[PDB]
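Take a look at this single chain, the form deposited without the named molecule, given in structure tokens.
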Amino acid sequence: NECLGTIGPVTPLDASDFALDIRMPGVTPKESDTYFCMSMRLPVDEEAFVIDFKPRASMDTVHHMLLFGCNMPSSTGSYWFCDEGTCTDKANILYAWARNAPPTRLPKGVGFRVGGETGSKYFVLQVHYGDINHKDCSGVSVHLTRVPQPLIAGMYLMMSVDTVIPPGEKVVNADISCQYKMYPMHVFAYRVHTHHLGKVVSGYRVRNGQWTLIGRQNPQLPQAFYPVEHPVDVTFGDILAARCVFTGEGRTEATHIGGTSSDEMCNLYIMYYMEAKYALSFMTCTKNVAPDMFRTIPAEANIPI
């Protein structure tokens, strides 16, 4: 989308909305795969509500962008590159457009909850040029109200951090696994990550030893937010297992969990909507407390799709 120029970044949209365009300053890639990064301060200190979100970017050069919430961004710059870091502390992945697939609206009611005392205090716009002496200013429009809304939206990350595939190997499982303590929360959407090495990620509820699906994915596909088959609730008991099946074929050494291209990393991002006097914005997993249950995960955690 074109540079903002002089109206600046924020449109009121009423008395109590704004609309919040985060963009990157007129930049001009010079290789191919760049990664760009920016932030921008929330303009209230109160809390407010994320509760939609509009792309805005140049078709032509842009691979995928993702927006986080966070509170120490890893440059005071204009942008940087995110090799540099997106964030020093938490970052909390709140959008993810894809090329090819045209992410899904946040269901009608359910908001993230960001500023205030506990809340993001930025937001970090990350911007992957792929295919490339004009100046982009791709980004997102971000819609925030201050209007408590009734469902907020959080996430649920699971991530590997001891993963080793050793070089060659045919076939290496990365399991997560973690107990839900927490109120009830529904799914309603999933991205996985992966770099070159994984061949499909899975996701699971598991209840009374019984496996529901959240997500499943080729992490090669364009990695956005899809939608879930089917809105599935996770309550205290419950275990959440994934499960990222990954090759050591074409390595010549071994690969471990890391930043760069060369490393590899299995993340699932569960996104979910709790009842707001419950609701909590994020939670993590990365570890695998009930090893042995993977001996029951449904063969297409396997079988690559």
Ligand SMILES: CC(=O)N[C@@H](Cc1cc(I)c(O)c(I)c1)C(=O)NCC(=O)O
Contents of the next structure:
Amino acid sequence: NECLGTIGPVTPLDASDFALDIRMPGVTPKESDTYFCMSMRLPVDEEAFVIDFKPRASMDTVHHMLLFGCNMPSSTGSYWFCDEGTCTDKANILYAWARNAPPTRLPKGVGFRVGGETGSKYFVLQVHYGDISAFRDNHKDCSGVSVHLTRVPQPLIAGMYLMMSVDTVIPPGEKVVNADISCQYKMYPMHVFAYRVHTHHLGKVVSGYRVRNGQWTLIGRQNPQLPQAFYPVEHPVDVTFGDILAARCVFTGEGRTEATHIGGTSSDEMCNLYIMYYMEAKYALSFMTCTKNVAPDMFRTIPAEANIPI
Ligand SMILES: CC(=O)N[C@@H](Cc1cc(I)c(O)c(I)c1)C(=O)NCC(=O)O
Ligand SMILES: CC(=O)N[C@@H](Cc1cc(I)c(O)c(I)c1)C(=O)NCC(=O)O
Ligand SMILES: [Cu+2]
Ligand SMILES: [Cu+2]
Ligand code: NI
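Starting from the form deposited without the named molecule above, please write out the structure of the form deposited with the named molecule bound.
Below is the whole assembly, all chains and molecules, this chain first.
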């Protein structure tokens, strides 16, 4: 997107609001499939709320973008190749923009809490450059995301419940390998409103469910090879203390001559189901994670859609 120049990245909106533009510093991708990252310290130290996001991406080159909040970006640079790392600490994903799947807006009254004593101090943007035909000009790119911040406390706080595998091993040639994840929910109620799935090339399908009284309620189901944007949930789903969140990624070993385990490269795999939710401000926590399988046997009753591609 157009580089800002002399006006800088901060646009005052009114007494308590401002837009912060998070753009690449005029970079020029040299290889296709390049992944660039950069970070912006928040301008204010006190707590603020991110209530909106507007993509500022060049359609001819940018394939996808992801925006995280964290306290220690992986590089002190102007920008860097993300394969070096995103954040030293555990990054919280806030937004994903996919070229072929237009992002959905946050419900009004819902905001991510950042800054202050416990909120993220930085935003780290990762841009994935696919086609670079437009880059023979050796033109620089300032694609990114604009974020709307406010000091006004929001009634509903947005958070992320991340379900991910750590132990998965996919034997070469192996027709079907399931990665099951399950945890019991023990916090105040959350209402899922969006979900994103993430797998590398071996993933066939990823599904997540809320299981209450043995009954399975679909949160989201998606083919991880389709654009990995946050998609709105079919129907609002609350998860309450006692419920169990269960997820399954279906992989294959077909095509691999060696075993594939969980990891950060293209030769590795990942099984992630991001569940974006909102909670009443007075009960809210911004992030939860599940990296276990507490009810392995429970999957004997998983809906068949969980094994059939989409
Ligand atoms: C090892 C793995 O599966 N990593 C995933 C999930 C992940 C993401 C964030 I944000 C975290 O803070 C943590 I802890 C783990 C991963 O990096 N996925 C990237 C993606 O979703 O595209
Ligand atoms: C005064 C105000 O809030 N104006 C905009 C907010 C805004 C402005 C810019 I410049 C941004 O880049 C972003 I992110 C958000 C407003 O009312 N936007 C409505 C909307 O499109 O959602
Ligand atoms: Cu991409
Ligand atoms: Cu990955
Ligand atoms: Ni409800």
